[PDB]
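Here we start with a single chain on its own, the form deposited in one PDB entry, put down as structure tokens.
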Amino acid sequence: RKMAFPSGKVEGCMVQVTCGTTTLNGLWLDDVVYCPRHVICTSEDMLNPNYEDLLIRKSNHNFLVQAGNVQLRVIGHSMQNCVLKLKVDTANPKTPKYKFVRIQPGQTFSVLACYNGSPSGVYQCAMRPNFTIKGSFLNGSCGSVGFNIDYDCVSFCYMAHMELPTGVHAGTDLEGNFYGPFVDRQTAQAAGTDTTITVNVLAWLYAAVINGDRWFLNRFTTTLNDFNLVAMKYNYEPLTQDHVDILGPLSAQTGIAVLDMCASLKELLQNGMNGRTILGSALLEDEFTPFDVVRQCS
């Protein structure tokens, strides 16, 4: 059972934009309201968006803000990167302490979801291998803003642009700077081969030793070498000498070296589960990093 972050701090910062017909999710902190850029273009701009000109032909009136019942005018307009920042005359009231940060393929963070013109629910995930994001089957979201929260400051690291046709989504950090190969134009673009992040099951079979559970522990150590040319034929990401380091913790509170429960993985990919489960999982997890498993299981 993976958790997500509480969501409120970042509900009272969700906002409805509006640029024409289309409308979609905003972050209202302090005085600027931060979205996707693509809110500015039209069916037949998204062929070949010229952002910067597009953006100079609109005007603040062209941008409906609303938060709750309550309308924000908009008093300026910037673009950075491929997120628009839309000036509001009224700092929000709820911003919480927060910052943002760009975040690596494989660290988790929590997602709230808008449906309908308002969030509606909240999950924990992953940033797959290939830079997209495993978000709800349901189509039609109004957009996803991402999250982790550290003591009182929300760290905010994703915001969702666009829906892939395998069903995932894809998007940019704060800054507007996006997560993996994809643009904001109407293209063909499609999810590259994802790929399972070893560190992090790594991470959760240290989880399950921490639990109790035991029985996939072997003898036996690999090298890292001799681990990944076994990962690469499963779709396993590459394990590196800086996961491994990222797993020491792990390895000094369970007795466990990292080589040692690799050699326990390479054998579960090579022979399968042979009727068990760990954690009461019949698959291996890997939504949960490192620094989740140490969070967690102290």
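Residue numbers count along the first chain shown, from 1. In this text, the rigid core denotes the largest set of C-alpha atoms whose superposition between the two forms falls within 1.5 Å. Compared with the form deposited in another entry:
In the core-superposed comparison between these two forms, the C-alpha atom of residue 94 has shifted by less than 2 angstroms.
Positional change of residue 155 between these two forms stays under 2 Å at the C-alpha, relative to the superposed core.
The Cα shift for residue 122 between these two forms, taken after rigid core superposition, is smaller than 2 angstroms.
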Second form
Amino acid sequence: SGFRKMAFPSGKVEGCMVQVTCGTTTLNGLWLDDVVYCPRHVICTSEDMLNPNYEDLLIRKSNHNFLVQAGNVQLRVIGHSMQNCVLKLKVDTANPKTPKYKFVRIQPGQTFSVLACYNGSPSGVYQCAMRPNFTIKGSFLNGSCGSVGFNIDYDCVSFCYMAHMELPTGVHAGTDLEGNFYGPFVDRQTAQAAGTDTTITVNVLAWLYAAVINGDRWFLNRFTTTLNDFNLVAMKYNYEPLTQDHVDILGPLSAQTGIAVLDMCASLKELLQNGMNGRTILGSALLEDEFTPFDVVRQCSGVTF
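Rather than the form deposited in one PDB entry that you just supplied, could I have the structure of the form deposited in another entry?
A lone chain is what you will see next.
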């Protein structure tokens, strides 16, 4: 029993992290096959970040201006190109630790593990979720750019995120591994505000099912509700509108616990209207929304990789 915020084993990703230096700027890169992926602002100085013209900045950059280092061994850069906001550095040696991998762009509400790195060296691993405003609540200091988020399917590593920047509200933003930012953000040292921090309703419900599985059941009320009525109460507390697809996804957890999805929505509705009265649910005094229905099933079943 027990339920914990759990990240994937980071071993397969640690073997792909390198250090990319371009002048004064040093950040992390991802060495897959004979390609190194890193944020394109590695070519910016302490002044160009306000309004960088990456096409012009890349003109006076040659293959030899990129220092790619894996541990204490250097990789020879034989080619480079800019794909959106990521830089692809063609090296001459294929990474011997390259695992089976995919490039996947995730949707808001999906979760992934982040391997925070500095100078091409892993610092730690923690679980995240793509917010509805396309940001992530992470832990990133200077030099952490290039750290990647990933999911693991058995033996296939699914790369979905790369850290690029922090927003003025202490929240972070990045791109997928094809260089396209999540959301309306740009790799620019400007004032970019994020939208309203919406709560992932289907994830709260899946987390409530996890609590029922693990003994926490005081919040189970004697009420039920409808989808439209719940969404009227959810829209005032900045909750994602619940859809019929979300109900279907919660199907497995509903059948396993004998508690209908709409009955669980009524329990959430009361927790939103009455609070938690100082009580806790799975050791949390607040409603957690960073477990997908899939994370709950995986953790409660013992799925390995």
